[PDB]
Amino acid sequence: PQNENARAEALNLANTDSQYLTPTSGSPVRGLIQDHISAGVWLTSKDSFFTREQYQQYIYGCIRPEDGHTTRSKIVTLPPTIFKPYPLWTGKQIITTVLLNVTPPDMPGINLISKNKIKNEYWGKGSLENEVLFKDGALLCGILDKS
Amino acid sequence: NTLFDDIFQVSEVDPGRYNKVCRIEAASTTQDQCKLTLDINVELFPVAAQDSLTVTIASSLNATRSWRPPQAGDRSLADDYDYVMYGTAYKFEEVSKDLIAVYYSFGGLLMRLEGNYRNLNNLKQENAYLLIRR
Amino acid sequence: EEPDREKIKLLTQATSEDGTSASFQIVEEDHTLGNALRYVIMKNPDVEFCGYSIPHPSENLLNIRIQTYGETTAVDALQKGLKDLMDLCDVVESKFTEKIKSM
Amino acid sequence: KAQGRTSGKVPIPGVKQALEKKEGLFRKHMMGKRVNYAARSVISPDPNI
Numbered sequence: 638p639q640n641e642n643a644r645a646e647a648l649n650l651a652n653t654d655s656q657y658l659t660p661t662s663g664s665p666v667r668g669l670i671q672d673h674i675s676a677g678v679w680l681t682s683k684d685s686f687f688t689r690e691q692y693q694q695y696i697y698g699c700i701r702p703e704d705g706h707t708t709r710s711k712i713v714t715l716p717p718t719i720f721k722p723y724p725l726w727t728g729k730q731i732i733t734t735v736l737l738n739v740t741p742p743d744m745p746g747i748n749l750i751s752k753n754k755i756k757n758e759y760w761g762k763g764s765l766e767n768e769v770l771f772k773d774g775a776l777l778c779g780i781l782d783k784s
Numbered sequence: 003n004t005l006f007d008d009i010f011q012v013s014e015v016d017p018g019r020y021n022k023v024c025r026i027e028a029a030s031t032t033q034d035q036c037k038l039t040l041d042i043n044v045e046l047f048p049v050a051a052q053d054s055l056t057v058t059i060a061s062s063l064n075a076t077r078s079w080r081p082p083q084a085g086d087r088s089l090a091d092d093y094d095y096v097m098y099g100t101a102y103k104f105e106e107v108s109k110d111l112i113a114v115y116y117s118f119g120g121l122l123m124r125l126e127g128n129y130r131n132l133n134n135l136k137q138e139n140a141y142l143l144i145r146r
Numbered sequence: 040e041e042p043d044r045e046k047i048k049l050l051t052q053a054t055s056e057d058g059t060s061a062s063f064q065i066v067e068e069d070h071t072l073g074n075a076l077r078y079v080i081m082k083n084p085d086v087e088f089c090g091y092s093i094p095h096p097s098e099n100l101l102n103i104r105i106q107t108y109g110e111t112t113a114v115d116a117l118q119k120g121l122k123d124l125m126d127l128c129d130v131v132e133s134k135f136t137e138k139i140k141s142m
Numbered sequence: 442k443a444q445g446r447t448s449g450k451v452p453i454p455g456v457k458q459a460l461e462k463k464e465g466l467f468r469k470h471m472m473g474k475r476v477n478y479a480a481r482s483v484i485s486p487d488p489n490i
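In the order they appear, the protein sequences are chains P, D, U and Y.
The first sequence begins at 638 in UniProt numbering and counts up by one.
In case it helps, UniProt numbering puts the second sequence at residues 3 to 64, 75 to 146.
The third sequence begins at 40 in UniProt numbering and counts up by one.
The fourth sequence begins at 442 in UniProt numbering and counts up by one.
Where hints are given, some of them may not hold.
List time: in silico DSSO-like cross-link candidates among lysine-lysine, alpha-carbon distance up to 27 angstroms [as the list claims (entries may be wrong)]:
| id | chain 1 | residue 1 | chain 2 | residue 2 |
| --- | --- | --- | --- | --- |
| 1 | Y | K474 | Y | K463 |
| 2 | D | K22 | D | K37 |
| 3 | D | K37 | P | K772 |
| 4 | P | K721 | D | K109 |
According to the in silico footprint, chain P covers these stretches of chain U (three or more CB under 8 angstroms from chain P) [to be verified]:
| id | stretch |
| --- | --- |
| 5 | 58-64 |
| 6 | 74-82 |
| 7 | 107-118 |
| 8 | 126-137 |
Derived by calculation from the structure, the hints in this document are not laboratory data.
Just so it is clear, CB atoms sit at the ideal spot from N, CA and C, and this is done for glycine as well.
Chain P with its partners taken away, still in its complex shape:
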């Protein structure tokens, strides 16, 4: 489009950000698809441990402050979930970091109690990985799926 009136409407009205929910019944239409669905079951798995050199490479490989993904003009990290023998981060703790950098610092974290598509018997005995728990913007439990 060839003037500023029609530009301000493909930016504000017909843009892809405001077309997240459909007008038919309010269901969301936009989301990740196949190799992203089948990597969240591996990244946010309980086996996924990351060293310090691996942890900051996955944060900056997705969030770049030059292109404007951060909110604090500096990439902030978390303390690891294992300290003494060999310091390690967990894969659910990378999801906490990518939500700590793209959500604004004035608001508090997201509080969500949801479910998955993967049953609690596939992971073993007495696991709770069907229950997705977000507390203060931190994935504490459960893997992430299409759901």
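We have chain P already, so just place chains D, U and Y on it with the hints.
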């Protein structure tokens, strides 16, 4: 400062579709009402059945602000142990009368403490270091 | 003469005011320099954050980001990791020269 | 309206048949048009945009 300390006798080490993480079930040896359920990284700290572990939950380690990798000339509360994790308490529950359970999540590695004398000084804090000796 | 002035480029929109948290942009590079340089910057005991990023594979641009704890800038940390990447390629070149003599 | 030669394939559709069809004038050149400053192309996936 130590918020909980006891000694737990392991009954079962369940790998359960994981190659590095086992589920531990351990009743203590001092009190009879209290149990443990823990997810340890069994590659770093291998735990067998009928071990005598020593579980301690502290609130900090001794003027820190945020994490920084360890250097020479430091001394921590983690120097006395073998396997230190870090995580948040997210849920409090009383199972019945005379028992109160707390739930921890060490970045997705979960823990459940049940007992009676831990309601004294286990707050709902977003920081409780967990330390295991032997 | 003329020093080349488009190869390394500090992006001032991501650069700290002290100088300790900067993001560079190198042209005509890929994982070859970036993964090898990130290994060497991360062995500096003063480096807080280091990782590289290729924005899109169709152009040959490499963003690397260094954050330090203070007391060393991201340009002083970049040039130690450029020095030790040279001095690491001079140990591989010397051990491999001797063993060809040692056959 | 007009019979005329009645051999089939009547020429010169006339000023009504220039207006009435799916094409006509009023659905091919008023309610839908062809535009300047547009392009079309085959699409291809990208996870880096």
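So, going through the hints one by one against the coordinates:
no. : hint               : verdict
1   : Y:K474 with Y:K463 : holds, 14 angstroms
2   : D:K22 with D:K37   : holds, 23 angstroms
3   : D:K37 with P:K772  : holds, 25 angstroms
4   : P:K721 with D:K109 : violated, 37 angstroms
5   : 58-64              : holds (count 3)
6   : 74-82              : holds (count 3)
7   : 107-118            : violated (count 0)
8   : 126-137            : violated (count 0)
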